[PDB]
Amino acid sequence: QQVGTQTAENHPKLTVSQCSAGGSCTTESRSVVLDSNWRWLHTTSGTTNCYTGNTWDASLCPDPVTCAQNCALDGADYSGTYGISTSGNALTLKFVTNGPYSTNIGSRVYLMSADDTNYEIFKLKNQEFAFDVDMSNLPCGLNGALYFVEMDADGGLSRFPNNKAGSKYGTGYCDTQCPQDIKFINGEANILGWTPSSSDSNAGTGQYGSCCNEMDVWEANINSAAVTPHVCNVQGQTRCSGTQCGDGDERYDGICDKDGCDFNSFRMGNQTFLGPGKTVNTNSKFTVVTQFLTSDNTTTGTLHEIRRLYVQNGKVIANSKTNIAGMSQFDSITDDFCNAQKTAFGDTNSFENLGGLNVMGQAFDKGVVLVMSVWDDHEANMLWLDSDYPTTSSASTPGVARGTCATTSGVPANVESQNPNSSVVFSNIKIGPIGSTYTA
């Protein structure tokens, strides 16, 4: 994709922190960028859209390469068009942003580095990541996500000749769902066999998907939360097609683990731990601390454990323990835990099959990009996060019940109509050595 020059691109500023052993943190000038899929896409000018709604202009895009060559991503009106705003160290992502001719649903942004051109690269092994979240405005069917993906620092600028836009315009997204809704993958328009969605006027899918390792630190709404590593048998952002994308029917055939090895306190058998008025009280702001422990506690150790702590109202809250029949007590993610839970829940252990935490830590060594988003789920209505899933399964079968939301909740059309003013606020982002990001 080329660079559109109709509208200046200015990344909303966001202050984050870097912490040292002992607890001293310093502030850092960073910013956020909107994912390229949301952007206006058009010719150099004479200005005609290359894409609108869920269809392409076939004259400008007769093939993937010509399309990338002809088509330019433009600047974004962050607050007024996309409902994205920042104040100090806080990012607000609004769910539905109405306009005269269209409605914007959700958003996805990436944290920019100090240079405001390339994405910030995080090296998470032997490190701790903290942030504060307010989910009071995220009901059933919504997801305020903070996570990491193995994107290129330049979003594909240097790798792909016909990507001339790069990270400044939020290109190069990938994750373990290997999304095929992505418009540009590998500097080529994803138009081969393009199918406009019959149930979503904003989305289509092409032949290709964009896959990479993903650490889901936080997928949550007021009701429930999950922390979930996912791995792939490929290194970095990789284009897939056919069975490798593991689309729908061939979910467990592809190159990435779509389910991931998840820790949802409610799913792991503690229904009183997290939610409105619970131990971690989702009616108010709280801190989420995530520690990435290695085998020998060095930066070259194998990633061996992912621990979680919360901090609310000045109190440090230890993660809940698993409470599943036949299953041992774990309060953290280890390869051992992953084997145990996939077995206990009768799930395909793709996480371990594709190399488990070792492979995840190797992604961390290469480097990962920080993603923040708000979204609804056109695939499974967010039921996997906050309800009973599969809906056809017994609600008392271990692993089925993930939250208190109704199996009829989270239909996109319904939540967009009924809960348009939903929002998530992520704030006070911190990175440093284990034990440095929070006060005991």
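Numbering follows the first chain given and starts at 1. Rigid core here is just the name for the largest C-alpha set that superposes within 1.5 Å across the two forms. What changes on going to the form deposited in another entry:
- Summarising the superposition on the core between these two forms, the listed residues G277, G99, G346, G193 contain exactly one with a Cα shift of 2 Å or larger, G99.
Show the same protein again, this time as the form deposited in another entry rather than the form deposited in one PDB entry.
Shown below: the chain alone.
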């Protein structure tokens, strides 16, 4: 894709903290950028759209390359059109925004580096990452997600000749779902076999997907939360086609682990731990701390364990323990946990098949980009996060119940119609050595 200049691109500012042993942190000036899929895409010479609704203009986009050369991504009206605003260390993502020219549902942003051009690259091995979240305004069916993916720092500017926009315009997304709804992959418009979504009037899928390792630090709404590493057998952002993408029936045949090795306290058998008025009380803001422990306690050692702590009202709260009959008891993510939980639940262990925490840690070695988003789910209505899933399974079967929401909840049109003003606030991001990002 090309660069459009009708609208200047000014990334909303966001401060983050870099912390040291003892807990003193320095403030770093960073910013966020809107993902390219949300942007106005118009001809380089004018204002004619290359894509409208969920339909590409066939005469501007006769083929993937011509389309990438003819079509330009333009600057974004972050707050008034996309519902994205920041206030110091706080990022607010609104669910539904009505701009003067377009309505936008959900958003996805990446953290920029100090240069405000390339993404910030995080090296998470043997580090602790903390943030605060207020998801009191995120009901059933919503997901406010904070996570890392193995994107290129420049979003593909240097790898792909026909990507002339790059990370400044939020290009280069990938994750372990190998999404095929991404409009530009590898600097080419993803127009081959383009099929509009029937339920999402702004979306479609093309022949290719964009795949990479993904650490889901946080996927949650007021009801339930999950922390989930996912790995692939490829390194970095990789375009997939056919079986590689692991779409539909080929879910477990692809290059990436779609299910991941998840820890949702509710799913793991503690229904009183996280939620409205619970131990972690999601009616109010709290701190989420995530530790990426290596086997030798160095930044070069093998990733061995992902641990979780919460902090609310100044009190540290230990992670819940698993409570699945017949399964050994864990309170964190280890490869042993993943093996035990996949066995207990009868789920295919692609996480381990594709190299487990070792491979996750190798993605961390190379570096990953911070993503924050708010979304509803056209495929599964977020039931995998907050309800009984599959809905066709007995809710007494271990692993099926993930939260208290109704199996009829989370239909996008219903959630948009009923809770349009939903929002999530992510704030006070900190990274440092273990123990450095919060006060015990």
